[PDB]
Each structure stands twice: as C-alpha cells, then as structure tokens.
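Here's a solo chain for you in structure tokens, the form deposited without the ligand.
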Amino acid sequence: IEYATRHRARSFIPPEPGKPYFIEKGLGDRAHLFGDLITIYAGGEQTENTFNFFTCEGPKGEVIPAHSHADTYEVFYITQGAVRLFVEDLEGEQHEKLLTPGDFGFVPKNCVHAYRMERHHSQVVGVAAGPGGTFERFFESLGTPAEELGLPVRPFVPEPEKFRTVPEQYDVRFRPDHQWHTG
C-alpha cells in the first residue's frame, strides 16, 4: 500500500515502473509553492517519461504568474472553484477565460500563460509534457515537498537563488515584464 521511491520516503506511487496502483483523494506526492498545494498522482517514471498527472489547488486570489515552456504542452481542467486562465498565442494575440468545473484550457509550447484562482480552494487537474519529457517535480524543487495534507497555512516563498537556478531545469521561463490586456 505504501512505498519508498526516489522522491519520498513515503509514497502511494510505486518505485517500479509497470506496476498498477490506486491512490485515494489527496494522497499523491505533495508539494507547496507559494499558497498552492500540488499533488502528483503519476510521474514520468510511471509512463516512460511520456506524461504525468497532477492537481493544483489554492486560496482565493492565488496567482501563477506569466511564464512559458519551450518544449512542454499544458492542460488545465478545472475540478473545483473557478480559475481565470490568461494565454498569449505565438503571434501575440491574448485571451482570458474564467474556467469553471468541467471547463478546459490548453496552452501549447512557447505560449505565455498565467492564471488566477478566483474561489477559495479552487482546483486544477494538470497534465504537462512534450518531446522533452515531463517536469512535474518542478514544484517541489522550486518550492518544497510536503507531508501535511491541505493548503499550506503560510505561503512557501522560494529563496531568490532557487528562482535563479530551478526554473530553467524544468522548462519554465518566467516572463516578469509580460503585460496582460484581456480586461
């Protein structure tokens, strides 16, 4: 039922590829990054580095700021609350949409994107992968792994040195000068 893996002393994901498994609600590998809880149910180890499966949940007003991925495609499927997704296409045209549970957003590689959770404890199902493989361990590497359940009581704010080195390692480029005009 419980396993030890390269990522956690205690996990419900098995260390060996090829093994079927089940995980109850909430019990994937957990990470905190600012106010968000990220929960990983499958990683690249489970899929020969083809895809992953994770949830992100957070408090009202939590922002994932503008960033892009050079070799990763990313799915946003809302399961709780309401999440406003901002996207810029390759040509520079911007759009925003308030996604409610069961709605879907797709962000192709090199498209700048950001989102804001607009309800308390909103939750997004994410899959993010591409030719480059998968990068779900980005969140615990920039932020921190967590054993506790539920939202971080205090936001985990990464040290500037982490921002300097970690994001490029996981195909994340933040775009701090980006401006949204989607109104």
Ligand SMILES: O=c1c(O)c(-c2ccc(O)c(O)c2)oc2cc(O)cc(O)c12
Given for the second form:
Number of protein chains: 2
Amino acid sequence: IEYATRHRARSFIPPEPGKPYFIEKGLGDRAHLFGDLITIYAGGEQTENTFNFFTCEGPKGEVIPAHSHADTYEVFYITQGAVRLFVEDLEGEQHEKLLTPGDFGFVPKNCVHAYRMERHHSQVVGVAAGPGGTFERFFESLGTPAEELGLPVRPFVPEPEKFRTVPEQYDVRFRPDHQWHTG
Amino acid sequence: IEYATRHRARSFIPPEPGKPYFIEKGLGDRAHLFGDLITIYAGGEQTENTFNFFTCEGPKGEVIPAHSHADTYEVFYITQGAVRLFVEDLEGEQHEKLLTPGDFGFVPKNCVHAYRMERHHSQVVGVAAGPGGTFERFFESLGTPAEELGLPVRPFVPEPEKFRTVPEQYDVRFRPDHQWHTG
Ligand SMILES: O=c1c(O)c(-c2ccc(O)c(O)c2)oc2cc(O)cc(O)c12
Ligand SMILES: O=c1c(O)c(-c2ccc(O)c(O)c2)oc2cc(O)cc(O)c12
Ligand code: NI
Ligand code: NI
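Could the form solved in complex with the ligand be shown next, to go alongside the form deposited without the ligand?
Next comes the full complex, this chain leading.
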C-alpha cells in the first residue's frame, strides 16, 4: 500500500522519518523535465537532509542546459545506454567522457557541467547533495511531477519564468552562454 | 589518471577535493569482506563528508551479519542478480524483500538489517551516510583493501578482535544473536 506525503497524494516513500521501506523498479516519485523521467527513491526527509537517491532516464537527445551548483556535489552512475558527461573544472579546463553502464562520473560544487544521452532510454543513478541540503525536488519544480510510468510522451518545457524562479529555491545556476570546446 | 592517496598506492579517486573525475566500471577503490567485493567511487573526502557512493558484489551466499548503524542511513539499489534485504523497524516488526535490478531498499539509522545475495555475482549500489559522517572505509577496515580486480578468490573472514574494535571507529553495531523470523 501507498502513502500520502508532502510531495504526492500517492507515494511509496513513507512520510515519517525512521521507517524502512522498499520500492520496486520505477515506482519512486516521478517527475518530467524536457524528455527525461526522474524517479526519486529517497529524499532529504529520509536522511536528515544528508543525501538523496534518484534515477534519470530519457531518449537519445542533445545536451541538457549547462549549469552549476554552488553547494551541491553530484554523482552520475550509468545503469543503461550511454551517457556523455561534460565538466569544466575550477581551473577552466574542460573534460568529456562517454560513460557506459557501471561507469562513474563526479561533479564537485561550482564546476559547470552537462550531459547528453547517446542511446535511447539511457539511465543514470544520481546523488545530488551537499552542505546546503538535498536537491531532488528541483526536477519536479522546474519540470512537473508525473503520475504516469515511463518516459514522457511530450517533453516538458518549463516556461521562462520557471528558469528565473527555481534557482531562488534550488541550488542551481544556469550557464546558457557556456560553450563546450571538447568537440 | 592514477593517484597515490591516503587510502591506496594507486587510485582513480583524486586526492584533491573539488576535482571532477571519471572512473570506468570496476576501477573504484576495492575491498574484500567475506566473499563480497566492495568498490568505492566517491568518499567523504569528495563531498565535504556529506555522502559516498559504492558498489557491493559477490557470490550466491548466506546472510551477512545482522547489524545496525546509530547515525547512518543506507541505500540498497540492486543493479545485478537478486538480493534479499532483511530489516527490523523501530517498533520491532521485521520485513524482507527480494530485490531485483532497479528495485530499491532503504534502511534508516537504528534499524537492524542484513542482506543475502541469491544469484552469483549479484551487485548492489550503496550510499551510507548521515549526521555521523560517511561509512565507506568501514569495508576495508573490517575486511581488507584489494589491489586485484574481481571477486575475492578466498573469502576474507575478519578475526574476532576486528569485530570488537572496528565499531570504535565506524558507525556499526553488530547483533550476533539477532534472529530473522520472516521466512
Ligand atoms: O541541474 C540538473 C542536474 O543536476 C541533473 C542531474 C541528472 C542526473 C544526475 O545523476 C545528477 O546527479 C544530476 O539533471 C538536470 C536535468 C535538466 O534537464 C536540467 C538540470 O538543470 C539538471
Ligand atoms: O554494516 C554493513 C553494511 O552497512 C553494508 C552495506 C552493504 C551494501 C550497501 O548498499 C549498504 O548500504 C551497506 O554491508 C555490510 C557487509 C558486511 O559483510 C558486514 C557489514 O557490517 C556490512
Ligand atoms: Ni547538475
Ligand atoms: Ni548496514
């Protein structure tokens, strides 16, 4: 049976801290953002705002917007398909790598980065957290929560206003002028 | 690409915090504990002691020792095989679930728990962290660090004294007399 939480009328994440739980494949809290489906299995409420756990999956596509996080560190661990990760270090040097399932990428705070899914229905396991809390409700805030299972039929394109206001609540800084010179 | 660190003569985890990095499948810092191989991709040094990221893989086996963590929350995210997760909640009710790849289990602090791998070379993605810091160097401390790739050839059984002294440094509390009555 399911739970009612702060985030969903129907969720498999228990609302109270301190409760163990299991969630079958795909049934975490879901959000749509562009063509991608984000699925949250644990958030800050579960971990005293220490860490989170979520997956991101999507169609073969182009790079997501280049961005950074001032106080948040991010893991990319590939589970399906192939994902090209772009990252610029603090010294301005850029790096790219095609990550295949079981490969790992790590993006520290203040490092500009982006990714491109290079196979249909690629999937990434992510953790996104830091001294300033956990990041997981970003996705449904800029994008939209989803009740349906599976990849969105139509991409969810946030209205411009969302891109201005979501940084006020979530640790994200967009870098639309950023150019990748790794090819 | 390879570094000497506080933890290993050779590592693909950079010693300097704030550096982006990639690690190919299997090439995180490795440790053996019983028949299992633990591979660390990010530790507390990478995240200001906020979270970590590791895998655990091993043969079809019996349940690991029942234990709890006083300040640490743990994620079980199955990537290969099938893994049965046992957990006792704070009110003493026990639960078990066979978790298959893509399935998720969450064990809050102070819940007694254990797992059993039920396919050869099953694999779990883990995060284990909390207000008490990050847990990942526990495995090489009770077990042993490993330079070679692959499952350990001989199980590493820790001497009884390590079970007494490792809890003084890592957030783990063994429950040697704990009995699972879930099936
Ligand atoms: O800022 C973003 C972000 O951080 C993540 C992300 C995805 C997978 C991970 O594994 C991870 O650690 C982070 O996705 C995004 C997707 C967007 O369309 C826009 C974004 O701004 C982000
Ligand atoms: O205390 C332990 C522990 O926490 C974990 C663990 C394993 C995979 C995970 O994904 C995770 O979150 C935790 O494994 C163990 C394995 C042992 O042989 C003995 C232990 O004492 C632990
Ligand atoms: Ni990001
Ligand atoms: Ni544990």
